[PDB]
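**Student:** Here are the chains, one letter per residue:
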Amino acid sequence: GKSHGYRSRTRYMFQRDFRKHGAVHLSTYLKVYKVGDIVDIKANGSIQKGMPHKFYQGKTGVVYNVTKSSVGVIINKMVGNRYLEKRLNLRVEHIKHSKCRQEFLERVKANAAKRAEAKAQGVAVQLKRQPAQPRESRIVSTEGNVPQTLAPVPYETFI
Amino acid sequence: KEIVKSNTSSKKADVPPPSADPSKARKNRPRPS
Amino acid sequence: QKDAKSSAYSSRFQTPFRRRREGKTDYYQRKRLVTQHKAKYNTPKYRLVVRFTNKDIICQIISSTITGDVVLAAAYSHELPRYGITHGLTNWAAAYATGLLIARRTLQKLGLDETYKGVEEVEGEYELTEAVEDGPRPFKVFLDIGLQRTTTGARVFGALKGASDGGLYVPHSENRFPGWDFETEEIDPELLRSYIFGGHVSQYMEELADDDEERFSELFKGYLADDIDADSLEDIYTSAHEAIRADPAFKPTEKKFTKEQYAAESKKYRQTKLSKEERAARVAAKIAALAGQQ
Amino acid sequence: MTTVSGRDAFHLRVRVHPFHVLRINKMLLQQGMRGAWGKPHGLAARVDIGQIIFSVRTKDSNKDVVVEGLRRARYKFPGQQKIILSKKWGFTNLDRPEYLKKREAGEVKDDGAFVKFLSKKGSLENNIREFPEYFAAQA
Amino acid sequence: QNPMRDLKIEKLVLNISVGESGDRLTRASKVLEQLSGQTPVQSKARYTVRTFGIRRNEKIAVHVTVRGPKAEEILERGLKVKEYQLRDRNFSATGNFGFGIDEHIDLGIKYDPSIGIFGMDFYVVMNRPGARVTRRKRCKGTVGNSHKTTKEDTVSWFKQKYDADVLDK
RNA sequence: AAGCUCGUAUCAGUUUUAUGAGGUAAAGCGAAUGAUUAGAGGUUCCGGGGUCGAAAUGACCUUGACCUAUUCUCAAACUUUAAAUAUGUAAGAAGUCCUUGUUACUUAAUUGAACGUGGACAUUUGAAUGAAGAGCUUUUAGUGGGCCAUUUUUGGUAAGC
RNA sequence: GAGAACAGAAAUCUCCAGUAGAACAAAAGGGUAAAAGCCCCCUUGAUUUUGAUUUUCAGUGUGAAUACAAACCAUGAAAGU
RNA sequence: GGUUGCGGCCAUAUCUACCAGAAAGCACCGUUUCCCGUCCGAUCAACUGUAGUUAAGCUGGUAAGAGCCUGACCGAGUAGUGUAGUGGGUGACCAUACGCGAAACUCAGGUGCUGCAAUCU
Ligand SMILES: [Mg+2]
Ligand SMILES: [Mg+2]
Ligand SMILES: [Mg+2]
Ligand SMILES: [Mg+2]
Ligand SMILES: [Mg+2]
Ligand SMILES: [Mg+2]
Ligand SMILES: [Mg+2]
Ligand SMILES: [Mg+2]
Ligand SMILES: [Mg+2]
Ligand SMILES: [Mg+2]
Ligand SMILES: [Mg+2]
Ligand SMILES: [Mg+2]
Ligand SMILES: [Mg+2]
Ligand SMILES: [Mg+2]
Ligand SMILES: [Mg+2]
Ligand SMILES: [Mg+2]
Ligand SMILES: [Mg+2]
Ligand SMILES: [Mg+2]
Ligand SMILES: [Mg+2]
Ligand SMILES: [Mg+2]
Ligand SMILES: [Mg+2]
Ligand SMILES: [Mg+2]
Ligand SMILES: [Mg+2]
Ligand SMILES: [Mg+2]
Ligand SMILES: [Mg+2]
Ligand SMILES: [Mg+2]
Ligand SMILES: [Mg+2]
Ligand SMILES: [Mg+2]
Ligand SMILES: [Mg+2]
Ligand SMILES: [Mg+2]
Ligand SMILES: [Mg+2]
Ligand SMILES: [Mg+2]
Ligand SMILES: [Mg+2]
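The listed protein sequences derive, respectively, from chains A, B, C, D and E. Counting with the UniProt record's numbering, you get residues 2 to 160 for the letters of the first sequence. Counting with the UniProt record's numbering, you get residues 23 to 55 for the letters of the second sequence. Counting with the UniProt record's numbering, you get residues 4 to 297 for the letters of the third sequence. Counting with the UniProt record's numbering, you get residues 76 to 103, 111 to 221 for the letters of the fourth sequence. Counting with the UniProt record's numbering, you get residues 6 to 174 for the letters of the fifth sequence.
Honestly, I wouldn't trust all of these hints.
As the list claims (entries may be wrong) - In silico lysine-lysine, DSSO-like type, Cα no more than 30 Å apart, as pairs: (1) E/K142 / C/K48; (2) B/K33 / E/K75; (3) A/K60 / A/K120.
Unchecked claim - Anything over 10 Å on all C-beta distances counts as not near chain A; from chain C, calculated: (4) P19; (5) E25; (6) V37; (7) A42; (8) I69; (9) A76; (10) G91; (11) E124; (12) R140; (13) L146; (14) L150; (15) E217; (16) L227; (17) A228.
Keep in mind that the hints were calculated from the coordinates and are not lab data. For every residue, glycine included, the Cβ atom is placed at its ideal position computed from N, Cα and C.
When you get a sec, could you build the whole thing from the sequences and use the hints?
**Tutor:** Right, here's the structure in full:
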């Protein structure tokens, strides 16, 4: 018969990286987690307590709770035709902070600190990010650059 | 008192080791006369 | 030895943490010391690090940061001359001495020191320096053995009793204080006290000059040539405590020569390493040396 | 190849091994299409397009024998398989010019069937006590 | 050069491999006791061999570890029996060396029939001052190459003092 | 189907930016593992068949086993490496900053943790594109044999299987 | 791999190497080296109360597991577990 | 800059051989009354820092050294792949169009960085 046990199909997912096995360093235990933080689930196969379900591996969510040795992550699962809300109780080993978010706040500082010398110079702010635009004209120089024209090559066999 | 040497090794099987095998011996051997 | 390491071996070999190689860190008990309860957040766990070199005793109150462990305040036995101990600077008494120094010296610089006296009495007896209702709470610190064996009557738990007596809540039990008779399931406050004042260096001291004249002249070449009597010992240690609870505050040393100086001599016994051309050159010669089959 | 030119006139080596196992249902009322995993029915060797199947090395003059002797095998293989004259010296790498450079340079050391090469890499100590003629004044 | 890198016996170890449990083992135990004046350690069977007579965890043999100046005298009492002659075997490539004697009464020791006669293995292990580096718990390191016992060394040692012969090839 | 609350909301089978998770394709095997052809060199002082003074705890030996450096060929249930396509999250008013209230939690500690009073911040208020309006409640039909094509793919010699 | 009376291929002893090539009831896979393995010491957290949560999911039951709360205990010098 | 205690990352740090190391430090090293542990004060415990040595540990330097790390229009725009066609071919398969793009190979560079505290010609 078929197997659908709790850790099935996870042979490579919950495996430890090449020459990065063994004991878990201490920077992990030194991270502080607040409610409202955005984390990244990524199981550690050696720390088998507090372990996420193989699904949530690779997901990202918000901390709704902080406890002795674990954080409570909210994740929105899709089941059927509609997202549902899952409450995770995971241990600190299986969690990172999301860089993408832990930057955002720095743009928030900087974006609202352009605002500093913005009003304190009276001028225009102009904050919203604008995506890469088509190039502007150029004048490439022929000096020390006489276009070195090429042509297709013949066929050839090296066996 | 009865003092017992503790064997570090992790083997439990009452079994002669890979390092057994009756092949390898001798035609020689001490044969008293 | 012709068990040279295969190249496969060297390549799939996973190294231990640096200090696991040096054999200086027990990362197992490190983790369990450092880790704070998560909903206590940035609250540091404070560690009573107690190390023993061959000639010194090292005491540090330390916490942890990702960028690295951070030390609140450090005392050593090698300070103890300053407070009038100049012999036997690694014995039990030195430990209690040092543990008491770092006790005061910290919650001094925490300003907790006026409140939380510790003992002053010191008739050697199991007790925890606990708190004063309606007031603050004692500074809490957790003993970090290191790699020292946990033997009943171990130098390391001298520093403990030195420090608890100094008024840091440093949670401990008796059964590793000298004077713990396991049959009795009890502790002799008497013996534990003795050590605190060095009663075992005293009793041994007398037995020698009344057993072996010469062997005592050497073990104690110092005390003699300094005229410390065998039994002035206690009063030294006893008077040290005073002196220590008196001015715990760290005085440094006076050091000739600045950093720049010290530096520009010390490892100018440095071997500076070859440069690329020089090394290739060194080798190009090396060939013509061996080149010519013999 | 032998008869025509001689047991010592060539080296034939089959450059592909039968590693893939083949199955048969074996239809021994009957059994049908139910439970049709097959027993091992023999092996074969999976081959891409462009992949050397046989290789032979012989004396520069015995060419026309081997070829019309590979051709006689060609007729036993299903599919189009070409016959090719390799511009490399023997079962090695390196085009015949490039091989003779590394020969009269001494960077070549007759091994077991194949041949070891001098590297500019290892322990200069036993690079030299391995490949004397590179380093000796020789000629 | 050569100062603190002297050369000492690390330890001696007498090992009587009795080959059976029961009174004989506790009797050979008595022997090893009266020779070191320490109290010996019994060995249990690694596994079972019908053609030897043992079964796993039957208590077969008995040995004892002697260090210091006593082991020095007992090693002498031993070489006493082998008339100060060993072979270029007997010498581990890793510095140590060993030899054996049958009849333990051959080195001092009165008879006592209630005891019997046992033979034994004499294995002495050699090293240098500084060996603790490889034995201490904290900061456990390993000996320098230009240090540590080779076989040439601790055989030209064994000719020096004791003044003996190493034979064969 | 009936509507209800509202009215541009903050939505989206889409892109961008930032930052995650993955072990398939390919690749690799003079890298672990498991397979695999070929010689070469060295070991045995410890499997061994002789010859040589039956002599051999002495030699030259071809044969293994094993070591070392090479060579040809493989893997759905191998692997260091490792795509493409897919896949998680973030891109602010439910935000940011300043002051300082609350508490039995928490701290050596008015220390933190939450939750707030008062003050400052409204052009692009924090990417693109779209928005044919958004949100929400009730209730009930039919259906619950499917088939086909591109590609990925399992059993089978194969099949309009 | 090198060495030690009876001792042999295989008993007991010593050293050197040794990234795990061992071991951890079992299928296989993951995990683990001052351990998760081996030796020892102390023990009943295999206990008490009901709630929250992950998997299968209808987001019903069941089996299983995860993190807390409130008890009463074990252990360690302790943090802890 | 050297050294020690506690570290962060955890080979640019590991491995093998050879050298060198001022000062302080660390060390090996002396001892067994005492607490404590061993078949064995070897380990573990305590006492001296007194009797001795940098021999080792440790720190560096050497190496066309093994490994490990970084880069390159080195291989390779190869292998593989998302999209298109009433594209080619009997077919296996292949090319083109809008895009992504490896591994091995080869070559060049490198061989610990660093937070706290104490201390030192
Ligand atoms: Mg299945
Ligand atoms: Mg490891
Ligand atoms: Mg469990
Ligand atoms: Mg065992
Ligand atoms: Mg062993
Ligand atoms: Mg511990
Ligand atoms: Mg007593
Ligand atoms: Mg100074
Ligand atoms: Mg069937
Ligand atoms: Mg079947
Ligand atoms: Mg209706
Ligand atoms: Mg898979
Ligand atoms: Mg493949
Ligand atoms: Mg590859
Ligand atoms: Mg292979
Ligand atoms: Mg290689
Ligand atoms: Mg595969
Ligand atoms: Mg937008
Ligand atoms: Mg319906
Ligand atoms: Mg229905
Ligand atoms: Mg269609
Ligand atoms: Mg499709
Ligand atoms: Mg042997
Ligand atoms: Mg039960
Ligand atoms: Mg410095
Ligand atoms: Mg004693
Ligand atoms: Mg000693
Ligand atoms: Mg000690
Ligand atoms: Mg050291
Ligand atoms: Mg190299
Ligand atoms: Mg394609
Ligand atoms: Mg179409
Ligand atoms: Mg193609």
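**Student:** Decide, hint by hint, whether the structure agrees.
**Tutor:** Do the hints match the structure? See the list:
1. E/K142 / C/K48: holds (27 Å)
2. B/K33 / E/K75: violated (36 Å)
3. A/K60 / A/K120: Since the Cα atoms of A/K60 and A/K120 sit roughly 41 Å apart, the hinted pair is violated (cutoff 30 Å).
4. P19: Its Cβ does come within 10 Å of chain A, the nearest being 8 Å, so this is violated.
5. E25: Correct as stated: the minimum Cβ-Cβ distance to chain A is 16 Å, above 10 Å.
6. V37: violated (6 Å)
7. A42: Incorrect as stated: the minimum Cβ-Cβ distance to chain A is 5 Å, not above 10 Å.
8. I69: violated (5 Å)
9. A76: Per Cβ check, C/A76 is outside 10 Å of chain A; nearest 21 Å; holds.
10. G91: C/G91 is indeed farther than 10 Å from all Cβ atoms of chain A, at 37 Å.
11. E124: Holds: least Cβ distance 39 Å, greater than 10 Å.
12. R140: Consistent with the label, C/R140 stays out of reach of chain A, its closest Cβ about 21 Å off (over 10 Å).
13. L146: For C/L146, whose nearest Cβ neighbour in chain A is about 19 Å away, the distance exceeds 10 Å, so it holds.
14. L150: Correct as stated: the minimum Cβ-Cβ distance to chain A is 16 Å, above 10 Å.
15. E217: holds (53 Å)
16. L227: holds (50 Å)
17. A228: holds (49 Å)
Going down the numbered hints, you'll see the structure goes against 2, 3, 4, 6, 7 and 8, while the others check out.
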